[PDB]
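Take a look at this one chain, the form solved without the ligand, written out in structure tokens.
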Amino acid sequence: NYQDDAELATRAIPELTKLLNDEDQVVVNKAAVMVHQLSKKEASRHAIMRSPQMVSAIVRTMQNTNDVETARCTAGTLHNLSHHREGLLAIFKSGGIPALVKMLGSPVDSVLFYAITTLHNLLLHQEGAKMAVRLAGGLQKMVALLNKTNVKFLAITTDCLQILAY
């Protein structure tokens, strides 16, 4: 947090949450792109994860939006939070497991990359996740996935099923 830093991200997060919550879906897209870009840097990533309102705004937005870009950035943000115990937990608290489970619907290959690996990280590391995912319909969704997606996802998808049943 000395070249490109937490202090800044922390200062920007409220302004950005408010943008993600906007009625105007174009503004929402701009802010989703930014939150995605911040999520890419270790320092600012942590500022995102310590923000409950930010994380919920990212989860709502991912579920609601019709714009592929917003979906890709928003799921990518979550994918990035999911590399840290704190981010896993934040996704859990925000209602992201069902949100992510819906995204396993998406045609877009990068959106579903993000949803599947985030879920997988959750299944591996987050307490409550297996049951959360089962309760959201996760097993059916992942069997559907497995049966329709390309080779990049067969392994991770099959690892998720194996976790959800042992």
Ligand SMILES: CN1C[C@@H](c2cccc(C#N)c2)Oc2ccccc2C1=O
Second form
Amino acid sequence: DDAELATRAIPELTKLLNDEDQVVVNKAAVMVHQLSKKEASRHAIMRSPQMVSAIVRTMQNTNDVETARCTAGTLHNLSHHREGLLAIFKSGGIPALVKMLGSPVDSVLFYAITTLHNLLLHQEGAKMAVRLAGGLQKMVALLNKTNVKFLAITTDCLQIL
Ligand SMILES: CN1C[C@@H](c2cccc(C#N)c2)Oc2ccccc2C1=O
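Switch over from the form solved without the ligand to the form deposited with the ligand bound, please.
Entire complex below, previous chain first.
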């Protein structure tokens, strides 16, 4: 029933993610991120190409810190599934994630590189897409960070490319 109800709510949540009111978009992004933490509702989000497109679009245009963390966090969760990596890939997720590599918000930064690593690992076409978006230069720029786990994931992205 969790999956069926998340499924019905999706079109309205997709609509509110594209709203002009920034408080409406933030609240919808908080909602969708919460839905992405439960496997039944994460399944429903991955099956909606329109919903994944709205999370990508919102993530790359938002100036709201919580909105950026919630939307990148949502993509991070969906990237742990094959039917999730594919939806991110088709919705223009790679260029948006590459832009997020320039975030001063460290959780957005960690979510962005982990999702991109999951993509470079199992998504066909992700290698060339990361390169076309300038991800090679962006990832090299991060090698100056000091967190051990973050540096290793970033170095494996470059070792994969
Ligand atoms: C949310 N956001 C947009 C922008 C920003 C605006 C206002 C406050 C902060 C903080 N802290 C950051 O900075 C970014 C730059 C590049 C990629 C992504 C971000 C990003 O994460």
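Take the two forms, find the largest set of C-alpha atoms that superpose within 1.5 Å, and that set is the rigid core. Only residues modelled in both forms are compared. Positions refer to the first chain, counted from 1.
Undergrad: Residue 21: after superposing the rigid core, is there a C-alpha shift of 2 Å or more between these two forms?
TA: Residue 21: C-alpha displaced by less than 2 Å between these two forms.
Undergrad: Relative to the superposed rigid core, does residue 11 relocate between these two forms - that is, does its Cα move 2 Å or more?
TA: No, the C-alpha moves less than 2 Å.
Undergrad: Any chance you could measure the C-alpha shift of residue 150 between these two forms with the core superposed, in Å?
TA: Displacement of the alpha carbon, after core fit: 3.5 Å.
Undergrad: Fitting the two forms on their rigid core, what distance in Å separates the Cα positions of residue 33 between these two forms?
TA: For residue 33, the alpha-carbon shift amounts to 0.4 Å.
Undergrad: Relative to the superposed core, what is the Cα shift for residue 107 between these two forms, in Å?
TA: Here the C-alpha difference is 1.0 Å.
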